[PDB]
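Presented below, as structure tokens, is a lone chain in the form deposited without the partner chain.
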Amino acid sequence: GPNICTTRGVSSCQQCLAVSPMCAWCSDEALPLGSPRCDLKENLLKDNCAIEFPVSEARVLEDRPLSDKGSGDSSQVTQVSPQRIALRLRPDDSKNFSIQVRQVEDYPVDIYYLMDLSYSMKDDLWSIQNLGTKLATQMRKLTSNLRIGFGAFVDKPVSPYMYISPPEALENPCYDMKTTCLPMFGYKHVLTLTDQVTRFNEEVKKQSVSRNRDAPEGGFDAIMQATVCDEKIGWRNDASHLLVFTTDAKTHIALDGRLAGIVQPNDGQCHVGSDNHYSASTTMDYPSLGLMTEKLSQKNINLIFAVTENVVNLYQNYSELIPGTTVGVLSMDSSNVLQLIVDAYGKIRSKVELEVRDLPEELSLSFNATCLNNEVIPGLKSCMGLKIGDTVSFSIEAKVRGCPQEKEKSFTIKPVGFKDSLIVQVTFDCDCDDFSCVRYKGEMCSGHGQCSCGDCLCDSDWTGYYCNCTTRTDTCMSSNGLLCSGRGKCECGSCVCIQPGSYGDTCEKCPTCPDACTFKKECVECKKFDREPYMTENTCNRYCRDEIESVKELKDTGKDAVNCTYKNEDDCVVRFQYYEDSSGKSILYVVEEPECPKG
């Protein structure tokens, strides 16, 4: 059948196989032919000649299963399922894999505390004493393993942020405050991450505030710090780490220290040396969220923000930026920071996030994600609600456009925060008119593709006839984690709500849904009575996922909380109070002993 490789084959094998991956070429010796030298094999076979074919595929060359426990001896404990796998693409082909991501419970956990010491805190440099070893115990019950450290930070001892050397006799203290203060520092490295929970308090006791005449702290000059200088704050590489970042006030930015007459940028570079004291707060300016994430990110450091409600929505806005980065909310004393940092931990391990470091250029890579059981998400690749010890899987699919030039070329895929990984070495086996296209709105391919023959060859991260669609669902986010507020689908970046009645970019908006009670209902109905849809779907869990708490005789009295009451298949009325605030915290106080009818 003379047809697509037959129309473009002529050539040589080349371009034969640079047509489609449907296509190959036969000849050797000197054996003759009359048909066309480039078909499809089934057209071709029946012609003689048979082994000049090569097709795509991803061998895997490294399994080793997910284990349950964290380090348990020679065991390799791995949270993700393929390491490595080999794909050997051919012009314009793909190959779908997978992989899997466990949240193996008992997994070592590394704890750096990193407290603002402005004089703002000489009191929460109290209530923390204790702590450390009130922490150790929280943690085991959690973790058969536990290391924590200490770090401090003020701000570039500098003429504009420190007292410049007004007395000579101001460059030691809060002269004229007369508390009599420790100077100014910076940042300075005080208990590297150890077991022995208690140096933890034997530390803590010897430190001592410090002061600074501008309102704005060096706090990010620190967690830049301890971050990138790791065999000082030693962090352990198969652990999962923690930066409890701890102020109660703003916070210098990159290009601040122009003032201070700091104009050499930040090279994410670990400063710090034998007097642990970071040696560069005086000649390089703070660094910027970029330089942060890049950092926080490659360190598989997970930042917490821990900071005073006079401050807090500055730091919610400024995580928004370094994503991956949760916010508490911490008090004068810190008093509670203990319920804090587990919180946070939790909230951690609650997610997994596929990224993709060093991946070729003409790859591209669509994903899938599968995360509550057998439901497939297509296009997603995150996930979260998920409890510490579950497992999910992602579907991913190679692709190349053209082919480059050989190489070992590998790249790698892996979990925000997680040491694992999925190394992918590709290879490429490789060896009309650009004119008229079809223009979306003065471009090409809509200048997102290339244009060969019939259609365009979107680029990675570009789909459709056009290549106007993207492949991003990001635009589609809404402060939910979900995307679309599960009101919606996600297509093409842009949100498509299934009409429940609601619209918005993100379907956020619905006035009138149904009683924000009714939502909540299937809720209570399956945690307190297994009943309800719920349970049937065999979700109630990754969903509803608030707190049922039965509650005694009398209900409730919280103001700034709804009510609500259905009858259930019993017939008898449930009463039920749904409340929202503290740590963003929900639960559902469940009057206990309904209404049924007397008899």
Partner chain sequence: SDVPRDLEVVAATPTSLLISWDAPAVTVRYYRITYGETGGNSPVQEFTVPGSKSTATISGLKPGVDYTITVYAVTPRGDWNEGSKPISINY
Second form
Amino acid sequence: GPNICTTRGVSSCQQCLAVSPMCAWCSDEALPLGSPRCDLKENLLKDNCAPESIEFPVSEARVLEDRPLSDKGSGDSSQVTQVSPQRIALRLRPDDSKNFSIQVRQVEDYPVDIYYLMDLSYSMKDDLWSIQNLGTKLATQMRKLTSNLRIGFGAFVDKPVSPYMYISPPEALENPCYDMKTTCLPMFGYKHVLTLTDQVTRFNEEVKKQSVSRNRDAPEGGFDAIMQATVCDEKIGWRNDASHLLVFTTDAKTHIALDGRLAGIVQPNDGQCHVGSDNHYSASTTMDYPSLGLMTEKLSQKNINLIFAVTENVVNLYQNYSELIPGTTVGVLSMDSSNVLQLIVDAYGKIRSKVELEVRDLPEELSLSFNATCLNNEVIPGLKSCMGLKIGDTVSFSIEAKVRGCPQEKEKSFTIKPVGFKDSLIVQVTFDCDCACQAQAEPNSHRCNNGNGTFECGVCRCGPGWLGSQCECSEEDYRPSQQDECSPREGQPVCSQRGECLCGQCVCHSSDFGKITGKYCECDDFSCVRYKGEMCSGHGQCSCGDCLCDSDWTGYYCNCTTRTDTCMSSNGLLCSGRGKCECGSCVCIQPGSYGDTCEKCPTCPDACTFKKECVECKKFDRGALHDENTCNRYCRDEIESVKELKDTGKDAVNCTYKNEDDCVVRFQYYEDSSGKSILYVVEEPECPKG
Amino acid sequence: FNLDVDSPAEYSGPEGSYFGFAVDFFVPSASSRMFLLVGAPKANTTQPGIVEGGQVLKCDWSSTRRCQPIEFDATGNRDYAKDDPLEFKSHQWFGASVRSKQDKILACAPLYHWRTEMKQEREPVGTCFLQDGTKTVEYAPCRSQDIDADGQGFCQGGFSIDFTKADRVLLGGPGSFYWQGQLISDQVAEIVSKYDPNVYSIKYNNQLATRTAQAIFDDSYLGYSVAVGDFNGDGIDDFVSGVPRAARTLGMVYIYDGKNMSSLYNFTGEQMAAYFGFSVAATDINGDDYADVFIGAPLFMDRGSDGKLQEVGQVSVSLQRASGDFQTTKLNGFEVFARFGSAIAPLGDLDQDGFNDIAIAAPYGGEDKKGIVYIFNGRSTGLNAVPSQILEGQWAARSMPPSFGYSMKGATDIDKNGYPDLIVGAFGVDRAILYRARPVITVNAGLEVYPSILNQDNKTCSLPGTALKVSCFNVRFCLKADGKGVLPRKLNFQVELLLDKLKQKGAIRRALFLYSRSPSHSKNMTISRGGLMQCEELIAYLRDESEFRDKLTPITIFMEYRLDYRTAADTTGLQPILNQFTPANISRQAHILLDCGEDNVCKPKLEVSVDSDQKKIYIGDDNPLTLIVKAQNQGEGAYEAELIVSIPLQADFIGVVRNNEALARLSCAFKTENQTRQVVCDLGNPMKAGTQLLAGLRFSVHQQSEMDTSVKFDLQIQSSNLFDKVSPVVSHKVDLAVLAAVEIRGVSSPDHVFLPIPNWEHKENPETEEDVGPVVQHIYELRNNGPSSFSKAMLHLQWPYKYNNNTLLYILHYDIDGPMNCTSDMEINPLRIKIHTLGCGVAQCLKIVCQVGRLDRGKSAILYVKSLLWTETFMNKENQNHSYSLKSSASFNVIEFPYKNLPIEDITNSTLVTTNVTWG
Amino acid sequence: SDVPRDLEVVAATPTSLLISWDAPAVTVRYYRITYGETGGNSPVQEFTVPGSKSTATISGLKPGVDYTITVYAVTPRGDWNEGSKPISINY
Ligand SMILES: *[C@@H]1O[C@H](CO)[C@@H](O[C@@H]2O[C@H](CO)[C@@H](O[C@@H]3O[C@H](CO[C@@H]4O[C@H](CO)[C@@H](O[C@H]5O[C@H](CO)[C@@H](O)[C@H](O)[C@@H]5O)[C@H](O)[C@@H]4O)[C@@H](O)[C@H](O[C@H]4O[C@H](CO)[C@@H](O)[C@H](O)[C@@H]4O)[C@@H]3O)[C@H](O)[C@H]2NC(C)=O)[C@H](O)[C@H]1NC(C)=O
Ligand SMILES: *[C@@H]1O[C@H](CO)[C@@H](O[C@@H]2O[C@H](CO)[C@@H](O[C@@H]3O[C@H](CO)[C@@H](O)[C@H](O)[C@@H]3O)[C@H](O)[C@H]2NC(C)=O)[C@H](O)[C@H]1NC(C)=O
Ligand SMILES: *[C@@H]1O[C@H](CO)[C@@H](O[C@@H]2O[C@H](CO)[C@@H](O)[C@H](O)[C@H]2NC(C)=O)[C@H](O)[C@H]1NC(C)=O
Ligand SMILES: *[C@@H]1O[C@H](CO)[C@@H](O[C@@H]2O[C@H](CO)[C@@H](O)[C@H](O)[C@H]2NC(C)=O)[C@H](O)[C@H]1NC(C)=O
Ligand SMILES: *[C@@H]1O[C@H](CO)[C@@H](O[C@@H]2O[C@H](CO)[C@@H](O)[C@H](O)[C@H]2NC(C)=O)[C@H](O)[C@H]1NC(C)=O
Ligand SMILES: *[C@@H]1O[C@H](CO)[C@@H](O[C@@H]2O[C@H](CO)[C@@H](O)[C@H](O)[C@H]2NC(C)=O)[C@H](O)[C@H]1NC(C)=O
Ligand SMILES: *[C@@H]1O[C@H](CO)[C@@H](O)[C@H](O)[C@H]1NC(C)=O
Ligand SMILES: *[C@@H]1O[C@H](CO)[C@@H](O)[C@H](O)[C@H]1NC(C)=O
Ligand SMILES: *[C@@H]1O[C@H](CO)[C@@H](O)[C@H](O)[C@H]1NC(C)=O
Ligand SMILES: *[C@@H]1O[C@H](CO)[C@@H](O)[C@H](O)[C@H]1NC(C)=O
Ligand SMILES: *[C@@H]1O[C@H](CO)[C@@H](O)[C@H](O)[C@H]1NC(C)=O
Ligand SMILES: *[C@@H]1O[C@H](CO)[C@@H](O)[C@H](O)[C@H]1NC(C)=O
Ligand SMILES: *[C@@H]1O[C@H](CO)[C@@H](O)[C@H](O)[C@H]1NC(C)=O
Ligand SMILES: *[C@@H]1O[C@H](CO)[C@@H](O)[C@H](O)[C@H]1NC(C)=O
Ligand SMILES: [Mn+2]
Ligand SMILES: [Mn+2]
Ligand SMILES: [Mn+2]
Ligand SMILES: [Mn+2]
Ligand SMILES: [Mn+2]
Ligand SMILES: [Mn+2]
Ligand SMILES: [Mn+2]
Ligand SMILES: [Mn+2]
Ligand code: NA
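Next, report the structure of the form deposited with the partner chain bound; the form deposited without the partner chain has already been given.
Now the complete complex, all chains and molecules, led by this one.
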């Protein structure tokens, strides 16, 4: 019918496709002027013109390859492929969108190489001792989770220059610990000793060959070491098919970027590898410590999982450093480093417990939406991450890609990928802004005779002032009283009085303060709406009175974000499960709850009411939370049936409830510091006597 | 926006010498010549045995572009003994800090090392050389009898320096007291008068210094940067220093009193490792004569559109109020890894608009990462958040990044042009660049048309070529321009005139000039300084009757003017710049006479009518407010008709109603130019007879006062007609209303107590909290959700104290959260115990009454009642095996509102909390 | 304050002998114990004890022998800083 492509359309082949994803053009080999023009498929279809003349490109989500997700990722087969599909071809017409899917899996036995990065300042002398046999002890523990293991060692103290270094007396340079009446070795910025190897005996051998040095100022820059161990992959020997864990052990504070100004170091850190054949960091004296941003970028590019093993005094500090470096987990390190072997295994559990997609090289012209399927069939829109997973689980994501207009950019490409993973989804983008008939030239004259001219795709757009299919008028007087068909709903003013009608076409006048477009001049820019006084909030383009929002912006006013990060709580659940997330702000559903993340609910029931739902399905295998098969997703708490339930739990809760069997169950809830929380359930409850 | 990037001053020292690492102006009172001071550490000198001691070079504006090193030390290392140096001085980074006030120059070497004269050590104490005229003294306050890291040995004093309004240096050093940092202030006269070259540690009278603190402040790096300003009424410049690693590397800025060195104010960064306090600066950006604080955080990470962290850097802008704590705003960077907050340089009043300006530098951003300097203009409201100009680095990378903008100094006028200029240091390419400010001209141009209405039958003027009478009018374009500072007397302006700007390209001209016979014309005008608005004339003949068929549509006379460069100062290439925000073109419109009646003048009657679909507007939140305007013109056509909506301060106008056919769109734009906010809507040009138009405008009121009863909108129509050009002003008001949704909620923790109690016996006189029974906890929350707040409320708790003379729920304690007090009619915890349905009806009642203060939207008030189940009363004889439900109720009544002299109503409700004890 | 006080042998016993010092008034980060023989080339031996512990034990030497034991105090500032005055006793 009248629609949009029919009227308010009809300028040119390329200009008709840019109107709507649903539009089409025709070159009918004849001249029934009428209104075949630019129109929909179904409309143009019953008007005939279909010797392939209809040009209706459709957006394509075609996959170029999708290998099946593997089962065991250790050895044989080929191409472990923990992500699928891998390469798909995205082809988008102007202002259109298509959607595809991606599935990722944490695969069973997967190769794991772990690189030990250790502080060697004097307060780690106790730590270096007990680490002697922990190379082979780590072999047996990681053997359970992974058959193919690699370990390597590297050391750091601080920048070997004043003020950090002991520069005097000259009697103490080779022995920086002199007044201590003992002997250590000169300090070093970063020292790489053992490259990653599958021989765990080779680890213990290089340990205890190493010894401890001394420094002056308390902060010990290990960020030089972390940066180098990440980007020197050739030197330290990261596998490309394996899970990369970098364990960072220190008991004290750390130097941050711009601290090196005191030592006279004004050169910013470059993400390059300066560790040479001498296995020492050469730029340590000449180059500043790396910023958190530069560390984050290179840590992500090389797929390195950074673990902070730190003492209880400084553990809260590195927690907050890790909060600025997503994907990095922290753990409490004992003073003598007897806890690392267990802390490593726990850290790997966290790292493989989460899945989050990252985007590389994304063209800004198109934006990516996200829905998430993590727990059975339940979808969580707007989220590009999943939480609470165990190895072997598989999750899905649905993604939508939408453009504005369309570029001639030579189609580029971009990457979708989970963090810390080698496998990725590569999307080749393509844009067809224009019909196929444009390659047939026909430069000017043709059907529009002398006085220059033009003919394109079955129509003639001729001249500066000449208008029609037959070029005429051009304000020679030449007065058509056009009336009908120069304005709809006959009786209304001509071309809306914005612009005017000459020769039958409306050439819109009063072009200033923005441009006036449209065949009836009904469309324009700047006609859109405002939010705080700023049109479309500045987050969207204005196209004929409507806003086309920028990436990560939605809504009529384009003031609504797609960001869920400000909805994310400290426990990992967005809005604490107590509300929906809308435009970056939570809206709490559960009665009596409020806060940014709905974290505050003083009138909510006690944990005894909450955590008893877990003990039902997990222990007695019944009640609610069981039939949803979420019995172990939401319940991550360790539960152990016991006698007693003694006193000394300190921070703890004692809980009593009556199950459907009319018996009284008694359990306890207890946790250690920021660590895990455990439920102690009293075995053999109290039941009515016979 | 007035900085000249075409022909700056290029200064280049030796390569590898970090030439440009620090910059300042030198304005001695001895002469009229002004010089550039450029520090260059890592520079090889003639000092014997010294490698890369560093220099400070004196560069002149004499246009020879030459720099000369200043002699400060010129000597090698002094000796503690034979073959035992007292000082080391090699790679001391002399010139890393250079600052000059009038005739005195201070330069420092923060990497200078000391032997300590007691044991053999190399301690980076740092030293400075203060030169006035020929005399040169050494100022090294951190060099003292306090030696080791717990002392001042690693202080590196001179890391940052600054002067004060009257002869006092502010010297910071990050390494004092295990790198806690230190600020030391000394009178300049004291430094000169007390200098003894044979004394390595000089005690200065009236020395202001910070003292060592607890070891938890170690590695704070106080004295990393310094600035001076007056943040109290004393009148003396006080001390501002960045502490980038302070407070768990969040970063801090300390403000010390410039008189007795006591702490005054504090600042703290919001993000760790961002290096909050790397750069500090003090200026008055808003003109309120109170110094304002600028704090740079070059490594700060904001969130992009995707939400991922990205390092763009940010700068904290804190405006000082005469009353107290500041008003702080944040300014984020643009490019990633550009380190936006690296250097903050105040520069006088750059455009001479009356408000001081400032420059923020991102040394590693820009094209090819050469460095960018952003210029920010000040305003009456504070700093303008948008840059008015950018400066790009012109020098390539070489070994290390060019670091263009790593150091800057402004606020000094090195030429007599009357505008302050700017120095930018690079030191990566070992260069320094001087940008001269160009003078600013404010130009206003008037345009008039004699007459505004054209009659085609009124042909008067004769065409030049052939004798025929043609309908004509006159167009006068007047031009006046002036500005402050140095600029020429007569200015050359090139003005263009366009007739009928609407119809162009392929169209009818409909109007041409008499002599040139052309739709367009050009003129060369020359005006002079202030006043004396000049004018010229060419006159506008109108085309033949019915030579267009287009009447109605106004003929827009368009004037635009440029400035031919030509005239400039003797400064050899400094041309003025037009004012930043000012139109370069002005338009007037002539109308052909049509349907103006027998009087040949168009006199309309304009009318505005507004009904009220919206009735109540609730205080405390934004809400849709839509006014329907009925603008009708009964009479002859109205030229350039516009609907004028004069709004209140609370308006916040947005968009228009699209969704109705009854009211058909509109053309409306928000604008505030002269002293008034308002909304303008075009009613058509011309707005013809009849023409009853319906439309709607949407508003969101953030209200005001809380003493306000109503909000005021005044509406009228305006036009260009000579008579009856306007409409009677119509006013519509919607009343403020009070709506507060207040709920009371409660919870029992636990809601169940199962009997009997495990491991419980009976003590007849117990003080345990274990011998009484389990802990039953009732929590009541009074929350105000609705948009309106309330000032006072009452809360009544009914509690089941006893049943049949013995205790049910023994209250140990009760705690409050929020603006509330509470009182118990019975003594709580009288025994001093320390760590079917039973309500207060038909049982002994313990009442707890509470008074509630002001509760706004996001806030609530909570009462926590911790009680003990009295096991002795249950379980005994009359209660052995039965199910009892302990019930407590709480009601609330809202008695007052802050909105007095506005309708109130009332709010009241109640909820009950139950604790059920059971056997089975 | 800056120095430990009156270290004295507690348990009369063969190896796994015990010593005890007393409460430096300053805040102590760590304690460093060093021990070996008297006058030969000497096999220096050492270990570290947290500042909260006032006692230590030794594995080696003889049931009874003439030795030398020294105890260092560790300043909680910088990387590793020790006080000026360590304390020793023979046995
Ligand atoms: C802007 O931020 C700044 C950065 O934090 C703020 O500066 C800080 O202000 C704090 C508040 O005054 C101040 O804390 C006070 O420190 C002094 C230091 O004097 C001491 O003298 C003793 C012998 O030298 C030693 O202290 C003993 O006691 C401590 C426990 O406090 C033990 O740990 C020690 O071993 C020792 O036995 C110290 O060596 C130190 O030199 C204290 O005297 C003050 O004591 C006050 O509190 C106690 C109770 O806690 C009272 O009995 C006593 O009468 C005092 O009222 C404070 O602890 C920080 O030192 C100071 N930090 C810096 C770097 O300046 C600044 O206030 C803030 N301003 C604004 C406007 O926000
Ligand atoms: C983006 O801008 C639009 C328009 O400026 C905002 O629309 C307004 O949103 C509010 C809700 O946030 C709508 O609700 C109105 O507020 C009261 C508050 O209690 C609510 O109870 C009523 O339902 C009332 O309609 C409001 O109608 C709507 N339109 C307006 C004010 O004209 C939108 O919220 C903005 N989005 C973001 C994320 O900022
Ligand atoms: C994610 O799921 C949502 C579910 O709402 C999809 O939202 C679309 O938008 C409308 C507007 O509310 C929804 O009602 C429909 O469910 C969706 N429209 C359709 C399917 O035409 C959203 O498209 C989904 N995104 C992805 C990438 O799958
Ligand atoms: C200042 O002079 C010293 C002279 O020693 C220069 O230092 C030497 O530089 C060369 C070439 O860069 C090196 O091969 C030598 O090893 C350096 N000397 C030492 C002792 O290491 C220094 O480069 C000069 N600096 C400037 C800015 O000219
Ligand atoms: C008819 O045209 C004449 C000539 O343009 C008009 O006379 C002009 O009036 C304006 C003021 O309205 C003066 O600024 C011009 O200088 C006059 N021009 C002359 C006298 O040549 C006249 O106003 C027009 N209308 C009539 C006569 O009704
Ligand atoms: C709660 O009781 C206090 C103490 O009587 C009331 O007093 C307020 O606080 C100080 C005392 O610490 C008084 O000098 C102020 O005049 C009071 N301030 C305000 C804002 O009232 C307090 O008002 C009571 N609160 C309520 C809500 O009634
Ligand atoms: C889009 O919808 C789902 C994801 O929401 C996707 O699997 C499907 O293939 C797409 N369907 C269409 C019609 O584009
Ligand atoms: C870390 O950050 C949290 C809040 O994010 C804060 O409560 C805590 O004090 C911080 N700890 C340290 C050591 O900075
Ligand atoms: C929980 O109950 C047991 C059993 O009486 C008791 O020993 C323990 O102290 C209780 N724990 C707490 C935290 O009250
Ligand atoms: C320091 O600051 C001013 C003096 O300028 C005075 O008001 C204040 O009381 C002084 N305090 C101390 C402790 O000297
Ligand atoms: C004339 O000035 C306006 C603003 O006053 C500006 O938007 C426009 O670009 C200028 N030039 C024209 C209209 O040619
Ligand atoms: C207590 O018993 C009453 C009896 O009507 C019931 O309404 C209430 O929900 C019970 N409270 C509980 C089970 O917490
Ligand atoms: C409760 O105690 C009062 C105290 O005088 C007494 O008068 C009353 O009779 C008692 N009630 C019962 C039911 O024992
Ligand atoms: C009291 O609250 C109930 C819901 O809890 C509601 O239905 C009722 O209308 C409220 N009454 C008043 C007077 O606020
Ligand atoms: Mn250390
Ligand atoms: Mn240790
Ligand atoms: Mn260190
Ligand atoms: Mn002051
Ligand atoms: Mn100010
Ligand atoms: Mn200014
Ligand atoms: Mn100047
Ligand atoms: Mn009239
Ligand atoms: Na004509």
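If you superpose the two forms and keep the largest set of C-alpha atoms that fall within 1.5 Å, you have the rigid core. Residue numbers count along the first chain shown, from 1.
Can you spot, among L61, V562, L33, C572, the one with a CA shift of 2 Å or more between these two forms after core superposition? None of the others reach 2 Å, which leaves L33.
Quick one: core overlaid, is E353 moving 2 Å or more at the Cα between these two forms? False for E353: its C-alpha shift is below 2 Å.
C-alpha of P173 moved at least 2 Å between these two forms on rigid core: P173: C-alpha displaced by 2 Å or more between these two forms.
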